[PDB]
Amino acid sequence: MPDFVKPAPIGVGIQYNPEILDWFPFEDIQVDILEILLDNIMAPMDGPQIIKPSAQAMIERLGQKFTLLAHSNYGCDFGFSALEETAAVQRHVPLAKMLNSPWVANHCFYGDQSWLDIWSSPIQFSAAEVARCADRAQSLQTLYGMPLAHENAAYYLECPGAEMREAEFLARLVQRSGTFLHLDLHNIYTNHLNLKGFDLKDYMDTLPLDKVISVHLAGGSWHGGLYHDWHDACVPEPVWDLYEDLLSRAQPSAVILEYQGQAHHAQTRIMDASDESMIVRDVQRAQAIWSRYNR
Amino acid sequence: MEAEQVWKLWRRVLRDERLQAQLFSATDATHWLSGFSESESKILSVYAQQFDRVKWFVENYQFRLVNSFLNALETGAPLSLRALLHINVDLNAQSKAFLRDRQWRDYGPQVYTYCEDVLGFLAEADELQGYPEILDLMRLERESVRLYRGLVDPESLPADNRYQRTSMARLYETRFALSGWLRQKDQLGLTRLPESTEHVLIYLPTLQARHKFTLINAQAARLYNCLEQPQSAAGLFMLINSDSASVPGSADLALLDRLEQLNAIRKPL
Ligand SMILES: [Fe+3]
Ligand SMILES: [Fe+3]
Numbered sequence: 001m002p003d004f005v006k007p008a009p010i011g012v013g014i015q016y017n018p019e020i021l022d023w024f025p026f027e028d029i030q031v032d033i034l035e036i037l038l039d040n041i042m043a044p045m046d047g048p049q050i051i052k053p054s055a056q057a058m059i060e061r062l063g064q065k066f067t068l069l070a071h072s073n074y075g076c077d078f079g080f081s082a083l084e085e086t087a088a089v090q091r092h093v094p095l096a097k098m099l100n101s102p103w104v105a106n107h108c109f110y111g112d113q114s115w116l117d118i119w120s121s122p123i124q125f126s127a128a129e130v131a132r133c134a135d136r137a138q139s140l141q142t143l144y145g146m147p148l149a150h151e152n153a154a155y156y157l158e159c160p161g162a163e164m165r166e167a168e169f170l171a172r173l174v175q176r177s178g179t180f181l182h183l184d185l186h187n188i189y190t191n192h193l194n195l196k197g198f199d200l201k202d203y204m205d206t207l208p209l210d211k212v213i214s215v216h217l218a219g220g221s222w223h224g225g226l227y228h229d230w231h232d233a234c235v236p237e238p239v240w241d242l243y244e245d246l247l248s249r250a251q252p253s254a255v256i257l258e259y260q261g262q263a264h265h266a267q268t269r270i271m272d273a274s275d276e277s278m279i280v281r282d283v284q285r286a287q288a289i290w291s292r293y294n295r
Numbered sequence: 001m002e003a004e005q006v007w008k009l010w011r012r013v014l015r016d017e018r019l020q021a022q023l024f025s026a027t028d029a030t031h032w033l034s035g036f037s038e039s040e041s042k043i044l045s046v047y048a049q050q051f052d053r054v055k056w057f058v059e060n061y062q063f064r065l066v067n068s069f070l071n072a073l074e075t076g077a078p079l080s081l082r083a084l085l086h087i088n089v090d091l092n093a094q095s096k097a098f099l100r101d102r103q104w105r106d107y108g109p110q111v112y113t114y115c116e117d118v119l120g121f122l123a124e125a126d127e128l129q130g131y132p133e134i135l136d137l138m139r140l141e142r143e144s145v146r147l148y149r150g151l152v153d154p155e156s157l158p159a160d161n162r163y164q165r166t167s168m169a170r171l172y173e174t175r176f177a178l179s180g181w182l183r184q185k186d187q188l189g190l191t192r193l194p195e196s197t198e199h200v201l202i203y204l205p206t207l208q209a210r211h212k213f214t215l216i217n218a219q220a221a222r223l224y225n226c227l228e229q230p231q232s233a234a235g236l237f238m239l240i241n242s243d244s245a246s247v248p249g250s251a252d253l254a255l256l257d258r259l260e261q262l263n264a265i266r267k268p269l
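The listed protein sequences correspond, in order, to chains B and A.
Mapping of the first sequence onto the authors' numbering: residues 1 to 295, in sequence order.
Mapping of the second sequence onto the authors' numbering: residues 1 to 269, in sequence order.
Don't read these hints as lab results, they were simulated from the structure.
One or more of the hints may lead you astray.
Under the rule of at most 27 Å between Cα atoms (straight-line distance), these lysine-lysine pairs were calculated in the DSSO-like manner [said to hold, decoys possible]:
(1) B:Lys6 with B:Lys65
(2) B:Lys201 with B:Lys6
(3) A:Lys212 with A:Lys267
(4) A:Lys96 with A:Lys8
(5) B:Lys196 with A:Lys55
(6) A:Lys42 with A:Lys55
(7) A:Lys42 with A:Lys96
(8) A:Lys212 with B:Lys52
(9) B:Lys65 with B:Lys196
(10) B:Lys196 with A:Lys212
(11) B:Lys52 with A:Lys185
(12) B:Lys97 with B:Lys65
Isolated chain B (complex conformation):
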């Protein structure tokens, strides 16, 4: 606890974002780790409760079988409001402790007592924001009592006033705060495609890969679509190339596969759910690659 270290590798799992559409598709004993979005189990802050009383049942049912990871989105971690007032320390920090999570990850976005302003607002890549966000990250990690990872953000517009590249920002952030990184490989691929001058090779060499604890493999929108980062289609082959390359350079502790929620994540999508075994193929391929570079 005085110095947080990377936990021992625990394996590959799915993110359990479909609280209903995944237990029946869940198969075998191969996966013993599932991610938990703390926002879905979160209780209102203008109320006296920490966890949704309906969510306390599954945490009891799932914590015994599988190790359950935390994921802090819409928690206003890197905002400008006081950290003690944010939903991260008021709800997300106790929830991760209640879930007995080995570590917790957030997102490199902006939020101030607001839930839906956080996407499409990446942190300004500047030495001024490096200093401010690292001070909040070290304090927040101290409150979590567990390692704190920062997920790389997928965005279409870089924040104005950016002094440096995204990869140098994350390297300067985790070095000054002592926190860790949560490498979403698909967010690197969609940023490489939809951004001018995004060096994918420099991104991997710049990042302290020894700070990566968890990895996210996901799909995206096909060419011609409205916008990207749908997290619906099959995991693209360039994202699979990044997964094999990352395991051959460093040693994460887990890798999770994410998919869309119940409603359409963006303005116009669908609800269909019939390719349940494609997920099993994507998980199984990650299992084989994981053991190919197993400790």
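Please build the complex by placing chain A with the ligands on the supplied structure of chain B, with the hints as guidance.
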């Protein structure tokens, strides 16, 4: 360009639909309102190209905010939501009407305050004014919201050797017999209800459990209404609102025994 100024700028942008229209229509520097502060317009000037992304970011904000109107309803008033969904009210049209009145406010984790302002807004909707049974159901759910909100930082009260009213329960005198909907939730908003008053008590078994609705007798509601301020156990039995000046004993003791069991009162000890 400080990061806090860039956030404060957009936070003003996507809450005022007027500022968004002039940005979408004008890509030229001065054609977009130079009435924006020079510091603001400096940050707008970065978005001179790729103004297409600005309309996409604003549209996603209001789309999520329209959905949060439903999430706030599911969290605070789940039975009113099922009743409103059964009678086919355009909650999207009511979400846009409610959010525009609040200038597209992001409640965030303040979901109970969100639902409380939503139920109050919906209580005046002309579409709902023809459904008095649902209007009675929403006021019942609004008390449940006020039950949770009243327990955030509750005023602590010691034993004080007097009958005290706790903060873990509220009372609602209905206009219709809502128990028919509470006992048969498949008929929420679908069936007709008699206009008889009921005393439904919203109470929490434990502080980490779902609130429950239960009916109490009119005499128990009289005891609960007289315990607005803590009474001396003897003045309470005297305070039958000038109707009775005698202690009923087991007639009113068993009622107080149930209220404390429902975590609604605090007996003197
Ligand atoms: Fe994430
Ligand atoms: Fe992710």
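Of the numbered hints stated earlier in the document, which are not met by this structure?
Violated hints (numbers, rising): 7, 9 and 10; every other hint is consistent with the structure.
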